[PDB]
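K.L.:
Residues per chain are reported as follows:
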Amino acid sequence: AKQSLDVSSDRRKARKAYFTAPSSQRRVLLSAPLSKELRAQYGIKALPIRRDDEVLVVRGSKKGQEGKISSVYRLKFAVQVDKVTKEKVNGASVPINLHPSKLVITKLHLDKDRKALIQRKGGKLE
Amino acid sequence: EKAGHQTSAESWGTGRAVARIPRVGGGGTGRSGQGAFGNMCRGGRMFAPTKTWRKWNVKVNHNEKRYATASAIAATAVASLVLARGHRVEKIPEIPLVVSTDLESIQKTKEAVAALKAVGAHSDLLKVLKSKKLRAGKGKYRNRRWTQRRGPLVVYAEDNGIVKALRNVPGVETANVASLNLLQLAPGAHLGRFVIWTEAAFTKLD
Amino acid sequence: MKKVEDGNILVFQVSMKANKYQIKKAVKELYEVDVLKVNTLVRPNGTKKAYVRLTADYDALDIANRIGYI
Amino acid sequence: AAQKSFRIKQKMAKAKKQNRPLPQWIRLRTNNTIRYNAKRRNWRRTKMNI
Amino acid sequence: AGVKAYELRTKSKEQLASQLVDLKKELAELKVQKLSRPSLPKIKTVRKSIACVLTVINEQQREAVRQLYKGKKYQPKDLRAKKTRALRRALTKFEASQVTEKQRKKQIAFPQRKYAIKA
Amino acid sequence: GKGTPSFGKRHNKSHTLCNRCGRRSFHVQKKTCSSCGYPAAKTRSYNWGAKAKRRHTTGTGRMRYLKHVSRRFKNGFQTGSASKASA
RNA sequence: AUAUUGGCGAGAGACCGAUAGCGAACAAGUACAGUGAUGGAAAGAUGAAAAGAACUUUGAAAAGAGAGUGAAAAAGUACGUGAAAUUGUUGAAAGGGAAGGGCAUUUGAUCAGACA
RNA sequence: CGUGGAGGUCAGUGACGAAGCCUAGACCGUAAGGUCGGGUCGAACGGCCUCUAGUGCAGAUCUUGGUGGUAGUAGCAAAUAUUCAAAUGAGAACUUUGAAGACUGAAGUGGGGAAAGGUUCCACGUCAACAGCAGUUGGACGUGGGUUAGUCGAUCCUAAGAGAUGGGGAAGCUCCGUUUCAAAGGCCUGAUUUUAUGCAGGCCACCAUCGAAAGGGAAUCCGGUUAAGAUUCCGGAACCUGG
RNA sequence: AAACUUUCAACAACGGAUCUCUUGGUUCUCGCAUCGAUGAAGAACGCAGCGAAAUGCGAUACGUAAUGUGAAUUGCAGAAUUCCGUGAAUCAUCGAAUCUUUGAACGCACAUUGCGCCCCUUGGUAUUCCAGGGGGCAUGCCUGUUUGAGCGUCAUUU
Ligand SMILES: [Mg+2]
Ligand SMILES: [Mg+2]
Ligand SMILES: [Mg+2]
Ligand SMILES: [Mg+2]
Ligand SMILES: [Mg+2]
Ligand SMILES: [Mg+2]
Ligand SMILES: [Mg+2]
Ligand SMILES: [Mg+2]
Ligand SMILES: [Mg+2]
Ligand SMILES: [Mg+2]
Ligand SMILES: [Mg+2]
Ligand SMILES: [Mg+2]
Ligand SMILES: [Mg+2]
Ligand SMILES: [Mg+2]
Ligand SMILES: [Mg+2]
Ligand SMILES: [Mg+2]
Ligand SMILES: [Mg+2]
Ligand SMILES: [Mg+2]
Ligand SMILES: [Mg+2]
Ligand SMILES: [Mg+2]
Ligand SMILES: [Mg+2]
Ligand SMILES: [Mg+2]
Ligand SMILES: [Mg+2]
Ligand SMILES: [Mg+2]
Ligand SMILES: [Mg+2]
Ligand SMILES: [Mg+2]
Ligand SMILES: [Mg+2]
Ligand SMILES: [Mg+2]
Ligand SMILES: [Mg+2]
Ligand SMILES: [Mg+2]
Ligand SMILES: [Mg+2]
Ligand SMILES: [Mg+2]
Ligand SMILES: [Mg+2]
Ligand SMILES: [Mg+2]
Ligand SMILES: [Mg+2]
Ligand SMILES: [Mg+2]
Ligand SMILES: [Mg+2]
Ligand SMILES: [Mg+2]
Ligand SMILES: [Mg+2]
Ligand SMILES: [Mg+2]
Ligand SMILES: [Mg+2]
Ligand SMILES: [Mg+2]
Ligand SMILES: [Mg+2]
Ligand SMILES: [Mg+2]
Ligand SMILES: [Mg+2]
Ligand SMILES: [Mg+2]
Ligand SMILES: [Mg+2]
Ligand SMILES: [Mg+2]
Ligand SMILES: [Mg+2]
Ligand SMILES: [Mg+2]
Ligand SMILES: [Mg+2]
Ligand SMILES: [Mg+2]
Ligand SMILES: [Mg+2]
Ligand SMILES: [Mg+2]
Ligand SMILES: [Mg+2]
Ligand SMILES: [Mg+2]
Ligand SMILES: [Mg+2]
Ligand SMILES: [Mg+2]
Ligand SMILES: [Mg+2]
Ligand SMILES: [Mg+2]
Ligand SMILES: [Mg+2]
Ligand SMILES: [Mg+2]
Ligand SMILES: [Mg+2]
Ligand SMILES: [Mg+2]
Ligand SMILES: [Mg+2]
Ligand SMILES: [Mg+2]
Ligand SMILES: [Mg+2]
Ligand SMILES: [Mg+2]
Ligand SMILES: [Mg+2]
Ligand SMILES: [Mg+2]
Ligand SMILES: [Mg+2]
Ligand SMILES: [Mg+2]
Ligand SMILES: [Mg+2]
Ligand SMILES: [Mg+2]
Ligand SMILES: [Mg+2]
Ligand SMILES: [Mg+2]
Ligand SMILES: [Mg+2]
Ligand SMILES: [Mg+2]
Ligand SMILES: [Mg+2]
Ligand SMILES: [Mg+2]
Ligand SMILES: [Mg+2]
Ligand SMILES: [Mg+2]
Ligand SMILES: [Mg+2]
Ligand SMILES: [Mg+2]
Ligand SMILES: [Mg+2]
Ligand SMILES: [Mg+2]
Ligand SMILES: [Mg+2]
Ligand SMILES: [Mg+2]
Ligand SMILES: [Mg+2]
Ligand SMILES: [Mg+2]
Ligand SMILES: [Mg+2]
Ligand SMILES: [Mg+2]
Ligand SMILES: [Mg+2]
Ligand SMILES: [Mg+2]
Ligand SMILES: [Mg+2]
Ligand SMILES: [Mg+2]
Ligand SMILES: [Mg+2]
Ligand SMILES: [Mg+2]
Ligand SMILES: [Zn+2]
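Residue numbers (the UniProt record's numbering), protein chains in the order written: chain B, 2 to 127; chain V, 54 to 259; chain P, 73 to 142; chain Y, 2 to 51; chain R, 2 to 120; chain X, 2 to 88.
It is worth saying that the hints were derived from the structure and are not from the lab.
One should not assume that every hint holds.
Looking from chain P toward chain R, a few residues come up when the C-beta cut is under 10 Å (computed) [as the list claims (entries may be wrong)]:
#1 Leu102
#2 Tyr123
#3 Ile139
#4 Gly140
#5 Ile142
Here a beta-carbon is modelled for each residue, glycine too, at the ideal position from N, C-alpha and C.
Please work from the sequences and hints to get the whole structure.
P.N.:
Right, here's the structure in full:
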């Protein structure tokens, strides 16, 4: 149960803020959970997905496949992996859009800033 | 109060082979010529527009209020009522079910559930939980999306943690004896709520 | 293009806010060139055309593919 | 009309520029919703009223 | 590319003017090229570069004036605080707090006392 | 002849474009605008015309300056600059 | 302490659910009418994903026929469901200046139940 | 009896198919209606106690939308008129070129303009809609190109008239007045040889401004040139105004 | 006997009801006090690599500067140096700017991109004419400065 006077349970308002969320706001909404191994490694559950990260699909038809996030397609609330695609009938190839909540992060791309994030959440890093 | 009425539309009088509701004037848009205002008109004002000064609340004599909650309390004894009301008390130790004042001091949900279970509420707790459904209404999109039954009502004399250790368990409610509310004692006006009384609360009753 | 090859005339779209003096001076300063006379018109899209005739010392064709077009 | 003021001509210019089909690439944008240009005017269907 | 301000502010006044003229020559050329070409995005960046340089020339000229007016009655209106028309009329703290000699005495002698009930 | 033969003589404007409101209700001979009142210092409007008002009130345009007053109010009409921080 | 169908920020409803709710859920005070004051609409929904039909064949083309994609084309940018009026084809029947209806049975078609 | 929402309950139904829709198949009810099967369908929904109302349609020359019979019907008949052949094209009564027959008959169906329109002009592409047959054509559709002035107009002037200002009315939006009951303004040079422009004469008291693309008015012509501009470009030869 | 008409059903039309949706509306409640001559509200016209609109912006034109974030934007193209970084972004925030022509709208006009005056400066052999660049000149009223008017009026000259 909410308890504060400044959070709204309202469904209309919630859908509205989702679908019209600004780019910066979607980076955080698009988080992926870490892998069992990465979670022990860094003592941390999840992180906003970020491009050159390495990732395992764990729901849906692509369950079990893996690769590198090639773009975080924030406009579409979706992520693309160079290694997970549709081959069309005309032989042309086309990315498939995946949701971070359906991935698992198996290798992080690290910055000063990424490390600084993991630390701010009280994690530990190899 | 202005809907249906944001036109300058006029009747056309008779002699024009056409019903005499007012009609929007002007030309060139498809709206013009059309029935206006009346309640049978697309875009008309409704019959008897609802008004905020409708009566919403209701006065009840304080003493009758009390008669009712007194009756309701009396019925939380009387197993068959409690049974009839839903409520899975077919194997609780006894009724009224009174429990140690130590309950009011539990801070932790998991301990709180443990205790309710021990004293016999396992099956009512399970009934809520087994009963979540999407509501059949349009209610479903007016902040009223799910449905579920009512669990036991835990009553205490002093909140020393219990109202907070219980607030997250589905269907379980808590009340101070000093208050005590008819909406909870007889949900939907059906006598019989399963009530678990702390001793401290059971004796404050008199 | 033809006016350039045949009439020693550079043709510019030019600011609405500018007059025959300002166009002349501008072309001169920007192009090291000498202007005989400047005709102008307002296009049917809200822009100004300047027919700029250079003096006979200059060769507008030459001077147009020095600025870099064709 | 035919010996005009700059004001009318300025307006006519804006009018000529707004007179064209949808730029077709727009049709392909994510969540695009515009089929065609619904504000297309024509000199012999609707008058400008200056 | 595109110029950065924080590098522009380390340049002399006359360097910045000169880079302005350089960019403008360049923009001029890009525009010649643009019409021999299916597409020409780089033009965008040179014209945002001009924007930047002008901003930085204006910045400097302004804080130059701002400072040689800092600390005098009367400075040009477009360096005066904006606030709001009302706020900008509006008694100053000083004027608002003006109190009569008779008031002042009364305030001194008989101020609101801190007190409490019990005994 | 009061109908269509006479509609053929309609080729002269009673109103042109109004400088202040753009509308083509600037009555030429009267030299005043039937919509916004130009060149009256004030703007035409009437309480018996709520639609017209709504067609023209503040917010139906860009609000080029007023847009920003509430942010500026919110932060107490700040002056100066933001400083700096880290990572 | 009082007011508040305006403004900015918020939390809500035994409220409406696209002919309803504000006129406007959409490039709506738009498009469009009027010399002018003013008047003022219609218009939401493929699918999880365009995977928006490669390729063959007939055709001047639009398209058709195959193929293909898809959980489904009985979802094909005419797109969820897809009523009625009204229409085409197929099948069955009746019909000497209307048709339709009531009680009853023949004839045809069709079907439940119950036997053990 | 039935409908939208509400409290309770049946730990009710459901992607192994909710709701909805179809169905001279079944069953219950005197009836309002209720139940089933089958087909279609795709995400939600119902029984019972109770609460609540924007709660039940055949009508209102009802409202909005859709749809028929009428009916392949009335009709597509004013303005004298069309024809042969080639070419192009999937396709030619209707496009293009040739031929022929005619018409308008300079009070024009010719050659230009004002108002109005606003790109319709011109070129290339080209037919889904539109041009009440057609269409390869178009004032349509797509993409482009195109309007050049010291001398042509505007701009200047004044006309009927409009309309600020000192003022006078009016609660006021504003109304009156226009030289009016006003301390209403600027030119010509001299005086400067600190110096740039203060004073020395004398005048002139005319006291706004808007209002004509037909009235008044400084000044340009011929020849050539474009797909589309031309008294505007090019060639030549002039003229006016200011300095 | 067909055709035709009429009834039923099946598949196909026509049409868009119904069911289920809902970033809209409607009503209630709580908190707050900020438009404008420092040029508001409103208008016009413009501005993107490829936009007609809506949204945004003003010749610095779907943006400049600053700050926070920490790698996108995405219809296509693009840059490529921007990824352990004074640093991506149609991001958030916003304190500094730019802000065409207008509008109470202010040199005069305005169905005109019409017509003056003043100052500084540049160019044309120029205090005087022309052209370019910058900066100015509305009205009422208040305090003050300066210059003045009137036998309205005081004193003081010889
Ligand atoms: Mg918190
Ligand atoms: Mg986090
Ligand atoms: Mg997704
Ligand atoms: Mg009313
Ligand atoms: Mg009738
Ligand atoms: Mg209504
Ligand atoms: Mg329902
Ligand atoms: Mg339920
Ligand atoms: Mg009490
Ligand atoms: Mg040559
Ligand atoms: Mg000209
Ligand atoms: Mg017409
Ligand atoms: Mg019309
Ligand atoms: Mg940048
Ligand atoms: Mg001030
Ligand atoms: Mg009459
Ligand atoms: Mg008429
Ligand atoms: Mg008139
Ligand atoms: Mg008047
Ligand atoms: Mg005015
Ligand atoms: Mg309110
Ligand atoms: Mg509340
Ligand atoms: Mg509506
Ligand atoms: Mg209703
Ligand atoms: Mg409506
Ligand atoms: Mg919506
Ligand atoms: Mg429309
Ligand atoms: Mg749908
Ligand atoms: Mg639909
Ligand atoms: Mg969709
Ligand atoms: Mg096919
Ligand atoms: Mg299906
Ligand atoms: Mg379907
Ligand atoms: Mg298709
Ligand atoms: Mg369908
Ligand atoms: Mg019968
Ligand atoms: Mg019978
Ligand atoms: Mg009932
Ligand atoms: Mg009901
Ligand atoms: Mg209702
Ligand atoms: Mg079903
Ligand atoms: Mg039937
Ligand atoms: Mg049965
Ligand atoms: Mg079935
Ligand atoms: Mg679905
Ligand atoms: Mg009831
Ligand atoms: Mg009703
Ligand atoms: Mg009835
Ligand atoms: Mg009916
Ligand atoms: Mg009837
Ligand atoms: Mg009746
Ligand atoms: Mg009817
Ligand atoms: Mg009808
Ligand atoms: Mg026919
Ligand atoms: Mg016939
Ligand atoms: Mg006839
Ligand atoms: Mg013919
Ligand atoms: Mg003849
Ligand atoms: Mg004759
Ligand atoms: Mg003719
Ligand atoms: Mg002509
Ligand atoms: Mg026209
Ligand atoms: Mg033509
Ligand atoms: Mg065709
Ligand atoms: Mg046509
Ligand atoms: Mg036709
Ligand atoms: Mg045809
Ligand atoms: Mg065209
Ligand atoms: Mg064109
Ligand atoms: Mg002349
Ligand atoms: Mg002039
Ligand atoms: Mg007057
Ligand atoms: Mg005049
Ligand atoms: Mg004249
Ligand atoms: Mg004349
Ligand atoms: Mg000639
Ligand atoms: Mg030419
Ligand atoms: Mg011609
Ligand atoms: Mg000549
Ligand atoms: Mg000569
Ligand atoms: Mg001379
Ligand atoms: Mg026979
Ligand atoms: Mg069927
Ligand atoms: Mg519905
Ligand atoms: Mg949905
Ligand atoms: Mg709401
Ligand atoms: Mg509240
Ligand atoms: Mg206004
Ligand atoms: Mg945009
Ligand atoms: Mg871009
Ligand atoms: Mg930084
Ligand atoms: Mg932003
Ligand atoms: Mg600027
Ligand atoms: Mg003025
Ligand atoms: Mg001007
Ligand atoms: Mg100036
Ligand atoms: Mg004074
Ligand atoms: Mg004095
Ligand atoms: Zn106006």
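K.L.:
All hints, please: hold or fail.
P.N.:
Outcome of the hint check:
The beta carbon of P:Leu102 is positioned within 10 Å of a beta carbon in chain R (closest approach about 8 Å), and the interface hint is therefore held. Restraint check, P:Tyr123 versus chain R: the minimum CB separation of about 18 Å is more than 10 Å; hint violated. With a cut of 10 Å, the hint placing P:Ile139 at the interface with chain R holds, because the nearest CB-to-CB distance is about 6 Å. A distance limit of 10 Å between C-beta atoms decides the matter here; for P:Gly140 the minimum to chain R is near 5 Å, and the interface restraint holds.
The beta carbon of P:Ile142 is positioned within 10 Å of a beta carbon in chain R (closest approach about 8 Å), and the interface hint is therefore held.
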